[PDB]
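Trainee: The chain contents come next:
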Amino acid sequence: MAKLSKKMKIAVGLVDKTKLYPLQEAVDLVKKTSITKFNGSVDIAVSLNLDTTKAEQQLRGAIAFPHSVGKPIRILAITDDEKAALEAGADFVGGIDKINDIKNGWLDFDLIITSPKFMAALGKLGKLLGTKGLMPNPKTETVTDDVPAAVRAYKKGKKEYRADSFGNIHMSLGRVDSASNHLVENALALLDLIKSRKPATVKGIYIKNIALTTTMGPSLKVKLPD
Amino acid sequence: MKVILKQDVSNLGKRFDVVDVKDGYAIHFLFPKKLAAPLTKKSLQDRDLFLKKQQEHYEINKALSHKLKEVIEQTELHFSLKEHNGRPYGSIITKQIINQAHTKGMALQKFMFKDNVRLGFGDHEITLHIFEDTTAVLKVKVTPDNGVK
Amino acid sequence: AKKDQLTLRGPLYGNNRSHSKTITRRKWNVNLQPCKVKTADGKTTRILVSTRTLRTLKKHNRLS
RNA sequence: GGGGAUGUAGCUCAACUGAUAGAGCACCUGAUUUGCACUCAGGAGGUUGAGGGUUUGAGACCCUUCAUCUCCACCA
RNA sequence: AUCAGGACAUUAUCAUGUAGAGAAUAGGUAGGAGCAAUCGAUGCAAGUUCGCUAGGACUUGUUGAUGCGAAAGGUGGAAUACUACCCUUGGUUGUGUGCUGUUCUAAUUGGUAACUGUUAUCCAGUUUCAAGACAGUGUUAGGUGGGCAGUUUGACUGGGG
RNA sequence: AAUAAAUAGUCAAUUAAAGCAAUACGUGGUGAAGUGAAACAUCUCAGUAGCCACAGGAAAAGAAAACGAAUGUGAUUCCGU
Ligand SMILES: [Mg+2]
Ligand SMILES: [Mg+2]
Ligand SMILES: [Mg+2]
Ligand SMILES: [Mg+2]
Ligand SMILES: [Mg+2]
Ligand SMILES: [Mg+2]
Ligand SMILES: [Mg+2]
Ligand SMILES: [Mg+2]
Ligand SMILES: [Mg+2]
Ligand SMILES: [Mg+2]
Ligand SMILES: [Mg+2]
Ligand SMILES: [Mg+2]
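Residue numbers (the deposited numbering), protein chains in the order written: chain 9, 1 to 226; chain f, 1 to 149; chain v, 2 to 65.
By construction, these hints were calculated from the structure, which means they are not laboratory data.
Hints may be right or wrong, so weigh each one.
[To be verified] The list that follows gives simulated cross-link-like pairs (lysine to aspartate or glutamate, EDC-like), each with its CA atoms no further than 16 Å apart:
#1 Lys34 (chain f) with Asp42 (chain v)
#2 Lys141 (chain f) with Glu73 (chain f)
#3 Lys114 (chain f) with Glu70 (chain f)
#4 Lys223 (chain 9) with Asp16 (chain 9)
#5 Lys54 (chain 9) with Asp164 (chain 9)
#6 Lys9 (chain 9) with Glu25 (chain 9)
#7 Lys159 (chain 9) with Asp43 (chain 9)
#8 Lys59 (chain v) with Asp23 (chain f)
#9 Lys60 (chain v) with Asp23 (chain f)
[What the hints assert, rightly or not] For each label pair, taking beta carbons as the anchor points, the in silico distance ranges come out as:
#10 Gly204 (chain 9) with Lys22 (chain v): 54 to 62 Å
#11 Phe50 (chain f) with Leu55 (chain v): 41 to 49 Å
#12 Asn209 (chain 9) with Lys139 (chain f): 50 to 58 Å
#13 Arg10 (chain v) with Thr135 (chain f): 37 to 45 Å
#14 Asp20 (chain f) with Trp29 (chain v): 53 to 61 Å
#15 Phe50 (chain f) with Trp29 (chain v): 40 to 48 Å
#16 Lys60 (chain v) with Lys54 (chain 9): 55 to 63 Å
#17 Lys17 (chain 9) with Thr135 (chain f): 41 to 49 Å
#18 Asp192 (chain 9) with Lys60 (chain v): 40 to 48 Å
#19 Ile27 (chain f) with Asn32 (chain v): 14 to 22 Å
#20 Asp46 (chain f) with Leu55 (chain v): 24 to 32 Å
The beta carbon of each residue, even a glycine, is placed where N, CA and C say it ideally should be.
Generate the whole structure from the sequences, applying the supplied hints.
Mentor: See the structure below:
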């Protein structure tokens with residue numbers, strides 16, 4: 001076994017890997033286990049009983065958090081109504097010209113929002129943007145006729161969720177300096193949404209494990225793990 | 001089920017001990033060898049009483065023995081710089097009674113039957129091995145100072 | 002006969018139900034086994050007792 | 001009535017569990033003998049049982065079916 | 001009862017790793033680009049890990065700080081540190097089970113022999129011999145089973161078949 | 001007695017048991033088939049006949065770890081509904 005760092009032995013010593021830590025207590029502990037000088041993320045890993053090979057069991061969508069996750073997102077809007085997207089708070093606007101900029105390698109944005117008309121031009125870039133995950137999806141409400149309202153929703157803290165190949169969802173709930181109640185409310189909203197998103201084909205226990213962690217922390221097995 | 005063995009066997013228990021084995025091996029083959037009675041007088045509680053009391057006197061002996069041994073290992077303030085001639089004879093031939101004239105009161109009692117030194121009680125101008133055993137199990141070594149008064 | 006000597010509990014006659022629930026009379030016999038019971042260190046008779054009675058004797062330290 | 005597995009050159013089969021289909025046999029050609037056969041090597045012979053779904057990546061993973069098999073069940 | 005063996009999931013035990021591309025071993029896939037250093041480096045010799053036959057680390061030192069270019073370039077479907085987590089696989093005993101394989105015996109068995117009850121081929125007791133957790137017996141569950149039992153084996157029909 | 005003790009065994013004394021009938025009633029064990037179902041195997045016949053054991057003047061049962069749905073009844077047995 002690799003020797004744990006000096007700070008982490010202390011942090012791991014603060015965490016019982018066996019105990020079923022109640023949410024609230026976990027959030028307060030997760031904030032305390034942040035050993036970093038930078039403001040870490042508070043992240044949740046939810047292990048689901050999903051066969052993501054099954055299209056009906058592929059879980060993907062978006063959730064609007066009640067509270068901001070405290071990460072600024074740079075939004076590129078690809079729309080004919082560039083003015084309304086800018087007034088909605090898009091950081092970049094443009095039509096086909098920005099698609100050409102993306103083709104030339106400009107990627108100083110975190111999210112693409114587009115109108116249905118532009119997928120044919122963006123489809124040619126699927127190899128570059130898709131590998132980076134920047135490709136808009138209707139299932140995420142990133143393909144919409146009302147680009148300005150969606151832009152506002154993402155600035156309000158709307159995030160996409162996706163199951164990995166193992167049926168886990170990984171999402172960032174907030175920052176370590178965020179209020180503990182806000183992180184708890186964000187965590188509840190995700191768990192209730194996940195519960196609501198049950199495929200009719202999934203028999204038995206749907207959530208196998210919930211883990212909260214920081215960017216640089218141990219995982220604090222949420223109450224009722226494994 | 002719990003069964004007490006009265007003498008020693010290689011596995012399980014040593015003399016008076018208790019082992020929680022299945023019905024299994026002997027039972028009607030254990031009684032004839034009466035090497036492990038079910039309990040003392042077959043009574044769970046009565047065996048409890050008996051074995052408990054026996055090993056309890058045993059461990060109070062353990063306690064007094066530990067006391068003696070450690071007060072020796074920590075103190076051993078038994079000093080005798082008994083006048084030593086050097087070229088002429090000089091040794092620790094001060095039996096042990098003079099040596100125990102410094103044990104009780106100033107230090108641990110150090111019972112008479114507990115220092116199992118040999119008939120020599122030191123016979124050199126130098127420190128030698130002092131054998132004190134609180135019991136037959138605890139081994140105590142004393143190497144006190146010596147010199148010329 | 003197939004019976005205990007300490008108690009008197011013996012066989013039970015009943016039905017042999019099969020598929021189509023056809024009736025044929027059958028008999029359940031007790032698990033008679035031989036055992037030796039000491040009594041005041043003497044008279045170690047080789048009695049034939051059932052396994053239930055054997056368990057009762059075993060839990061009673063061979064008392065009967 | 002379910003449960004599982006199989007389907008790939010004409011045949012017999014690897015299956016290349018996604019980073020772009022192969023072997024023996026069937027057949028053509030070449031060499032190959034006085035002749036037959038034998039023998040050796042190239043070429044040809046593949047739309048991966050079919051349809052749908054996912055991702056940048058599936059004959060290959062998933063759904064639906066088709067055919068086959070082995071199991072069970074199988075008191076209208 | 002004991003012993004030995006693997007088999008099993010596996011306690012406990014660390015190594016091991018390249019689609020290509022990208023110097024990159026990328027095992028994958030998550031938070032996200034650092035973080036260790038007298039508990040001491042870099043370069044080299046001596047061993048070994050190892051196939052992508054490249055690469056990988058380690059320890060046997062020197063050494064004494066570098067950094068480090070997988071911190072920060074770099075291309076790549078996949079990416080860089082480090083928190084990860086899962087690891088691929090085996091590594092040794094291994095855990096507690098059963099699985100065949102021995103030895104020993106007290107259970108138990110005997111239509112071996114002897115003695116006694118006893119003027120007695122039975123029976124009982126005590127031995128001795130031979131087996132032995134087998135066997136036999138009880139319960140449960142498969143297979144074979146006209147040996148045996150209970151029944152069935154239609155109507156029309158220029159009589160019946 | 002085997003075999004020291006002790007049992008097995010042997011002997012003696014005392015006390016009870018045997019059997020019968022009332023072509024009838026009770027309890028328990030065991031327990032069919034003719035027949036019906038318009039066949040027959042489920043079922044019925046039927047726990048009947050029969051066989052055996054034990055009685056008694058009756059026997060059996062009997063004083064709630066109960067009925068049961070309520071401000072409920074309060075051993076067993078037998079009759080009507
Ligand atoms: Mg009948
Ligand atoms: Mg005979
Ligand atoms: Mg047996
Ligand atoms: Mg049978
Ligand atoms: Mg037949
Ligand atoms: Mg017949
Ligand atoms: Mg009939
Ligand atoms: Mg006719
Ligand atoms: Mg005719
Ligand atoms: Mg009949
Ligand atoms: Mg009839
Ligand atoms: Mg009465």
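Trainee: None of the hints should be skipped; say for each whether it holds.
Mentor: Hint-by-hint comparison with the structure:
1. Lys34 (chain f) with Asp42 (chain v): It holds: about 14 Å lies between the C-alpha atoms, which stays within 16 Å.
2. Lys141 (chain f) with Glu73 (chain f): Distance ~8 Å between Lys141 (chain f) and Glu73 (chain f) Cα, so the pair holds.
3. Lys114 (chain f) with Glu70 (chain f): OK: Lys114 (chain f) and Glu70 (chain f) at ~13 Å, within 16 Å.
4. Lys223 (chain 9) with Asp16 (chain 9): holds (12 Å)
5. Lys54 (chain 9) with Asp164 (chain 9): At roughly 12 Å apart (the allowed maximum being 16 Å), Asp164 (chain 9) and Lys54 (chain 9) satisfy the hint.
6. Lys9 (chain 9) with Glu25 (chain 9): violated (20 Å)
7. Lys159 (chain 9) with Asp43 (chain 9): Status holds; Cα separation ~13 Å.
8. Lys59 (chain v) with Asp23 (chain f): Distance ~10 Å between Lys59 (chain v) and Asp23 (chain f) Cα, so the pair holds.
9. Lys60 (chain v) with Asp23 (chain f): holds (11 Å)
10. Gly204 (chain 9) with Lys22 (chain v): 54 to 62 Å: violated (39 Å)
11. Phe50 (chain f) with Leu55 (chain v): 41 to 49 Å: The hint (41 to 49 Å, Cβ to Cβ) is violated, given that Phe50 (chain f) and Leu55 (chain v) are roughly 29 Å apart.
12. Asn209 (chain 9) with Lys139 (chain f): 50 to 58 Å: Holds, since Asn209 (chain 9) and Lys139 (chain f) (Cβ atoms, about 56 Å apart) stay within the stated range.
13. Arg10 (chain v) with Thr135 (chain f): 37 to 45 Å: Since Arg10 (chain v) and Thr135 (chain f) have Cβ atoms about 59 Å apart, the given range 37 to 45 Å is violated.
14. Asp20 (chain f) with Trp29 (chain v): 53 to 61 Å: violated (36 Å)
15. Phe50 (chain f) with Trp29 (chain v): 40 to 48 Å: Since the Cβ atoms of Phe50 (chain f) and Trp29 (chain v) sit about 46 Å apart, the hinted range of 40 to 48 Å holds.
16. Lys60 (chain v) with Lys54 (chain 9): 55 to 63 Å: holds (58 Å)
17. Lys17 (chain 9) with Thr135 (chain f): 41 to 49 Å: Since the Cβ atoms of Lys17 (chain 9) and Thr135 (chain f) sit about 46 Å apart, the hinted range of 41 to 49 Å holds.
18. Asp192 (chain 9) with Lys60 (chain v): 40 to 48 Å: Taking Cβ atoms as reference, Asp192 (chain 9) and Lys60 (chain v) lie about 57 Å apart, which means the hint is violated.
19. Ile27 (chain f) with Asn32 (chain v): 14 to 22 Å: holds (18 Å)
20. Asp46 (chain f) with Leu55 (chain v): 24 to 32 Å: holds (25 Å)
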